[PDB]
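Only one chain is given next, in structure tokens, and it is the form deposited in one PDB entry.
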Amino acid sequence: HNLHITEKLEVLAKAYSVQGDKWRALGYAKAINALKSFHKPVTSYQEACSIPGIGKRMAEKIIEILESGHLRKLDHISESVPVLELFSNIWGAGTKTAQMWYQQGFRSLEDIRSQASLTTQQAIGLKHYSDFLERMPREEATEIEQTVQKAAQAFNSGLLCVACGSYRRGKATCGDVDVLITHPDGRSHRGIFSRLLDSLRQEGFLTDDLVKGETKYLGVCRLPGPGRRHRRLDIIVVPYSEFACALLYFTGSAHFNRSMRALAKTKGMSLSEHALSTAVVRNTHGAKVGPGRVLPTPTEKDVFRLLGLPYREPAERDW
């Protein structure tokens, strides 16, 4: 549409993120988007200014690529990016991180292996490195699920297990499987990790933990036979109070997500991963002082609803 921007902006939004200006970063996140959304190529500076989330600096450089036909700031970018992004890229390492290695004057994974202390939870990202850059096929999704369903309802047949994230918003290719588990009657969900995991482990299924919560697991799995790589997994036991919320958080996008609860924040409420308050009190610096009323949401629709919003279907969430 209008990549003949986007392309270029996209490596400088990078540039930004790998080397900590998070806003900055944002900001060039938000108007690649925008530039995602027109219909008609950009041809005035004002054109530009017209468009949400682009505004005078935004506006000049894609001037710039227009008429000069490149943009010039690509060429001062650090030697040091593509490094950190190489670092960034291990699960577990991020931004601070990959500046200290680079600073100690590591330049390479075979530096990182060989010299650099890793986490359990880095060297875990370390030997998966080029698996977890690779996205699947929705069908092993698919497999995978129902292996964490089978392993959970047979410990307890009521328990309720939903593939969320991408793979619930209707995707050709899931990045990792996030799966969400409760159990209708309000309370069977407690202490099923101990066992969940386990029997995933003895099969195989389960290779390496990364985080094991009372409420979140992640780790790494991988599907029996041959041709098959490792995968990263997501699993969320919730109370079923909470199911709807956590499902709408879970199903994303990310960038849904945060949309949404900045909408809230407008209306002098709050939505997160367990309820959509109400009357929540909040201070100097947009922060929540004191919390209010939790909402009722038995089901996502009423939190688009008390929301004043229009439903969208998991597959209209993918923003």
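Definition used throughout: the rigid core is the maximal C-alpha set that superposes within 1.5 Å between two forms. Residue numbers count along the first chain shown, from 1. Compared with the form deposited in another entry:
- Residue 53 is not among the residues whose C-alpha shifts by 2 Å or more between these two forms once the rigid core is aligned; its shift stays under 2 Å.
- Here residue 271 does not count as shifted, since its C-alpha moves by less than 2 Å between these two forms after the core is aligned.
- Annotation: Cα of residue 42 displaced by at least 2 Å between these two forms, core superposition.
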Second form
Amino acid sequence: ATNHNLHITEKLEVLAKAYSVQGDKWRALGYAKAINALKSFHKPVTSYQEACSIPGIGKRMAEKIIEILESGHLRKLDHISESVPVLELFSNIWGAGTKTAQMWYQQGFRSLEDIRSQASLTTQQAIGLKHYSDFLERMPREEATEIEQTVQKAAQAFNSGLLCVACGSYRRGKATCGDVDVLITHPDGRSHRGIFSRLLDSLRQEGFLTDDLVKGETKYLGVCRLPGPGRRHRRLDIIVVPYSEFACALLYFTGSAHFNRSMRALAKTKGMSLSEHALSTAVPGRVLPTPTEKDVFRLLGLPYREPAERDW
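What's the form deposited in another entry like, now that we've got the form deposited in one PDB entry?
Partners and other molecules omitted; one chain follows.
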């Protein structure tokens, strides 16, 4: 639905993002969750006592939601270090995180021009810098579809049986997608092998793939651009998995990230372990049979949720 407390979240997001880019990950996680809670809430919040009651919101956070409701402002925001805007600028480079951002800042850099001419850049960071603007824009769902079909087409040319599905935000039904996450497998349980590498060659020779960021056993993180004019470069992620891990692979890749974390966390409390490979029992333990996503929720004693309902 819609957020009934944007006047609150909007202010907290600024602070959460500040801590994030500065390296205070755990505190930033607290705000991130506090924020997620406020958003998905039946109606607007009105009181302190009303705030604390909400899971994910404690005394310190409740206080802040108050200052906002009463002072209409968050004094804390008035003291965010002047290095934050630059740290955010830097970490928006794919391949560069909080540590690299702080280092560059310590060395005197303040702008991308500074980074381009003087900073030391890993191969990935150079690619991220080159597509800085493109990677900041979420693409129209329709374009996400075009990309999925492109990979599926190139893949099925090797084996018409190969199953290709765009997961991530796409499968969750979002209007726009930051990238395209394509899962590839095969019902025969063995044909998925021996393609990955050749598939990337096809897409590469075809001019579709323009830059590679990470190439591994079953995962690929790269960059693509549809043919024709008016096209931006888009991030593309592909994972090839054995059909026996389909349900878990699909569940993982569909996300959301926070949804995955919660689900894995729950599994953990029940003496189980959840990954993109399988759902098991604490130690490794035994692999529980999971033919479908629903089997995962069931085994975890959770009511099934549609992909569109997995925001967190």
